[PDB]
Amino acid sequence: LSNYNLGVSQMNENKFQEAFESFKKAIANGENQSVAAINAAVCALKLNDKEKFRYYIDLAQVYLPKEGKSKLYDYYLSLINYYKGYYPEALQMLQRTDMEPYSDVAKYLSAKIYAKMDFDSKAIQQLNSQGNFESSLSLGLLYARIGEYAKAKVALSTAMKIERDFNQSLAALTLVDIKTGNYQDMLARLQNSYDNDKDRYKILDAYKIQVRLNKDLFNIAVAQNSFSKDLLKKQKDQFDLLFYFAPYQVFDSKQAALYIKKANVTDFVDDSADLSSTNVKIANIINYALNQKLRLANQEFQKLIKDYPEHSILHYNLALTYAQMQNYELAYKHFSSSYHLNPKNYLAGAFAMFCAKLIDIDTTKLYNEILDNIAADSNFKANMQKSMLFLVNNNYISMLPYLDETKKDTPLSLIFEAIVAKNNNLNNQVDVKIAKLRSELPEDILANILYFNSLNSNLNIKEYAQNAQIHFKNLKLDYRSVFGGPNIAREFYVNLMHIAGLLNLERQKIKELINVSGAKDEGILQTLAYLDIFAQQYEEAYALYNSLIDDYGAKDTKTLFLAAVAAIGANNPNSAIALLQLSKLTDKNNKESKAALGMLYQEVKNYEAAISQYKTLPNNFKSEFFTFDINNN
Amino acid sequence: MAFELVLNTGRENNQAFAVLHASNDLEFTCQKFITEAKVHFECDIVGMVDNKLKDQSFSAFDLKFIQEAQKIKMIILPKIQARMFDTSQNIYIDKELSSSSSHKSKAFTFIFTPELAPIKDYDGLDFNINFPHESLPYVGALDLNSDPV
Numbered sequence: 178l179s180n181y182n183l184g185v186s187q188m189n190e191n192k193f194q195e196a197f198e199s200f201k202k203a204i205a206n207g208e209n210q211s212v213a214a215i216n217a218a219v220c221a222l223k224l225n226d227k228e229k230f231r232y233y234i235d236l237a238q239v240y241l242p243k244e245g246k247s248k249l250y251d252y253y254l255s256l257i258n259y260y261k262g263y264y265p266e267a268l269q270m271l272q273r274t275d276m277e278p279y280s281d282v283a284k285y286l287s288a289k290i291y292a293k294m295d296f297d298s299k300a301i302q303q304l305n306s307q308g309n310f311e312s313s314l315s316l317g318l319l320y321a322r323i324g325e326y327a328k329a330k331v332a333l334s335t336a337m338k339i340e341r342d343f344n345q346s347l348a349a350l351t352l353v354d355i356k357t358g359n360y361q362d363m364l365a366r367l368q369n370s371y372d373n374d375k376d377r378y379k380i381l382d383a384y385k386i387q388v389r390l391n392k393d394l395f396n397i398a399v400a401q402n403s404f405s406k407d408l409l410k411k412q413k414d415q416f417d418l419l420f421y422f423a424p425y426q427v428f429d430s431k432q433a434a435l436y437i438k439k440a441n442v443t444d445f446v447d448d449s450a451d462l463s464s465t466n467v468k469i470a471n472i473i474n475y476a477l478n479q480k481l482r483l484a485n486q487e488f489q490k491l492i493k494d495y496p497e498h499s500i501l502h503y504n505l506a507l508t509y510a511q512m513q514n515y516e517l518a519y520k521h522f523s524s525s526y527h528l529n530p531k532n533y534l535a536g537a538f539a540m541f542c543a544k545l546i547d548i549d550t551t552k553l554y555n556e557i558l559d560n561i562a563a564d565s566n567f568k569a570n571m572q573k574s575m576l577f578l579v580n581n582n583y584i585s586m587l588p589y590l591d592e593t594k595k596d597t598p599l600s601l602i603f604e605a606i607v608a609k610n611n612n613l614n615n616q617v618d619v620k621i622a623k624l625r626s627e628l629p630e631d632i633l634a635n636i637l638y639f640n641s642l643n644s645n646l647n648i649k650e651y652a653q654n655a656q657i658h659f660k661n662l663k664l665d666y667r668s669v670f671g672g673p674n675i676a677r678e679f680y681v682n683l684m685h686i687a688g689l690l691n692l693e694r695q696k697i698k699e700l701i702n703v704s705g706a707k708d709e710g711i712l713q714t715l716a717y718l719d720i721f722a723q724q725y726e727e728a729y730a731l732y733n734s735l736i737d738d739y740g741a742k743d744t745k746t747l748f749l750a751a752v753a754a755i756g757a758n759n760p761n762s763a764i765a766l767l768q769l770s771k772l773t774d775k776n777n778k779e780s781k782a783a784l785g786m787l788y789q790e791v792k793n794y795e796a797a798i799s800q801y802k803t804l805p806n807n808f809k810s811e812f813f814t815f816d817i818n819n820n
Numbered sequence: 015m016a017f018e019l020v021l022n023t024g025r026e027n028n029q030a031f032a033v034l035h036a037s038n039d040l041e042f043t044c045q046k047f048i049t050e051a052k053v054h055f056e057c058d059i060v061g062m063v064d065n066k067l068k069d070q071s072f073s074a075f076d077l078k079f080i081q082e083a084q085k086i087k088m089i090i091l092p093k094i095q096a097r098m099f100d101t102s103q104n105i106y107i108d109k110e111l112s113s114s115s116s117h118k119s120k121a122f123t124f125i126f127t128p129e130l131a132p133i134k135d136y137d138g139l140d141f142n143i144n145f146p147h148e149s150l151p152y153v154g155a156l157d158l159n160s161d162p163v
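The listed protein sequences correspond, in order, to chains B and A. Using the authors' numbering, the letters of the first sequence correspond one by one to residues 178 to 451, 462 to 820. Using the authors' numbering, the letters of the second sequence correspond one by one to residues 15 to 163.
The reader is advised that the hints may include incorrect statements.
Unchecked claim - Capping the alpha-carbon separation at 30 Å, the derived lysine-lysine pairs in DSS-like fashion look like this:
no., chain 1, residue 1, chain 2, residue 2
1, A, 85, B, 261
2, B, 223, B, 431
3, B, 223, A, 85
As the list claims (entries may be wrong) - Chain A side only, calculated, beta carbon under 7 Å to chain B, not exhaustive:
no., residue
4, 82
5, 83
6, 86
Stated by the list, open to error - Per the computed footprint, the stretches of chain A lying under chain B, defined by three or more beta-carbons under 8 Å from a beta-carbon of chain B, are:
no., segment
7, 42 to 51
8, 104 to 110
Think of the hints as simulated: they come from the structure by calculation, not from any bench. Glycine is no exception: its CB is placed at the ideal position from the N, C-alpha and C atoms.
Only chain B is shown next, with the shape it has when bound in the complex:
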């Protein structure tokens, strides 16, 4: 009934001018000066007049001490500080308001202030402590900001029902599902919201995204945990290590031994595959392959196969060169060709199944074929392949008998025994197997790394780093030519130097070596590019990879994938798309390239092709190389 009461009673009826006039009259009369001033300021702000708002807010303070005895003093002070831009003062003063209808409003304003100043946990707590305002969308967004996606999904799904928060909640939930890895859930959610096709594309247009490299790659603790404890406990690592030490088949070992300079010829060449020119050509290309020159050997095998297209050994050798080069689909192709041209070459079939498992394809028919051919044979002097056949299936008990045999020692045998022993928690004989492996191969990078990781496994991070630094300080390596074999040796050396924090000094050493002279080999350039990628120096890595592609031959899946990684690091989404398409052209079912392509297409705003790549992924896939962040500018 009072002038202030009459003004505020008109003012909630969406009538602003009459209420403002009533507030002016109340202020002139002299009733409830401070609260009338605040309400008059908010009414003036309802219309477009900033000067009057500032004037009335400034005027509100001078009457404040008059209302010094008021149970809502805290709220009035917090509101006055709230409209003046003095936010921390308002937040500090808002927590003392315990009146009945305003406590919830005070907590909501405190949540707003906390959210502005990047204190997400306190904002979530304040919103949860409220039971008057539905804060589902804000809670979901804050949970997504903190990183608790499990509750973010529930909050956003709850908020989706309300009509007003439909589009924003849908877009936020879509991005959260992409981040977590559930793609089919995202597509199913999108399909049930709209019936048209343009409308479904506008949900992805709400927030702009930016592709980024995963932060978990550069974390030393996780790398140490996964390297010193689970080195041989991974299918990809097991297969790569088996490919490295695998032998190269020839016709006659005695003839080939005279054309190879390794001092371990009898351990890397086998003649169990049931012309002199073919023998000498095989020996020459094999010598090229073993002496840290892989690309040239692969090219030579590819060229010479076109001349003689029916030889089970040649297909195996080319497939092995491809497999050690992280080119798995052509490895599958030629391994299967080798096995089909000669069904008594069991190593070829085992490696074919390994390659077919690494890419996504069904290999049950091949497994049954080798099993039938095993059960029907006059002699089975090669039991290693029979034991290896079980590796594709996630079972390891079946190879336990293999650890008790009268055996000739070849590096493949030792590494297989190490894998078998490690995968049955027999963590004691792994060390002796690896020690014998190193004794067999003195001058090898991977053997040295394996022995170091076996001997110094039971330590902390600091002791591991210090020992590693001491060990590699006294170790001399010819960097120019020794990183020129299978890619796993570089990768593991780079990982170990990353653990020890020594890769900056090695980077400087390799640069100096490069700057000493002019044109050189591919191995140093690839090692330096990988080090740059792992040292968070993306521009140099991208330049080096472009030089590799356009100067030497680098049209491989792994090289193009790493070049795309570097380009994404250097903020070049357009080049990353082309590089990833060229990489996927060979390895079609690459689960990591597809997610990156989808994210990049979303960043470039090409939603027609973004859904196409997302439609070809499982409902549980966390990319270990790529992630995305929201671009707010």
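We have chain B already, so just place chain A on it with the hints.
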């Protein structure tokens, strides 16, 4: 004088609470140069033309002014841990709260408090939180004295 500083001091638990608000009609810059374990908050202002501005010493921070040709450099040395915020956006009208970590605006807030916390790293998505309920707050019905019915 188009450029204004206000200082507000208070108590929290048994500590100190210093808030410095800097405002200008145009956009100016402030940065958090670290040096070596001694943060130096450095602000660049166009300043138009100003007279000799004396430097004051305060409980939680020290102020210095450098006046070049039509340029003003404000140097803040905090004796306790300090942080910076860009409170340029009007929260009391807006519903899409943007980020407060910006290096150029027309209003800046510097907070000084001993019992603070280090910024943690959270793997999350930098969303803009939407608060759709309370936009323009006001006081409800009251009596002849400031108190709810």
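So, going through the hints one by one against the coordinates:
no.	hint	result
1	A:85 / B:261	28 Å, holds
2	B:223 / B:431	96 Å, violated
3	B:223 / A:85	38 Å, violated
4	82	29 Å, violated
5	83	31 Å, violated
6	86	21 Å, violated
7	42 to 51	violated (count 0)
8	104 to 110	holds (count 4)
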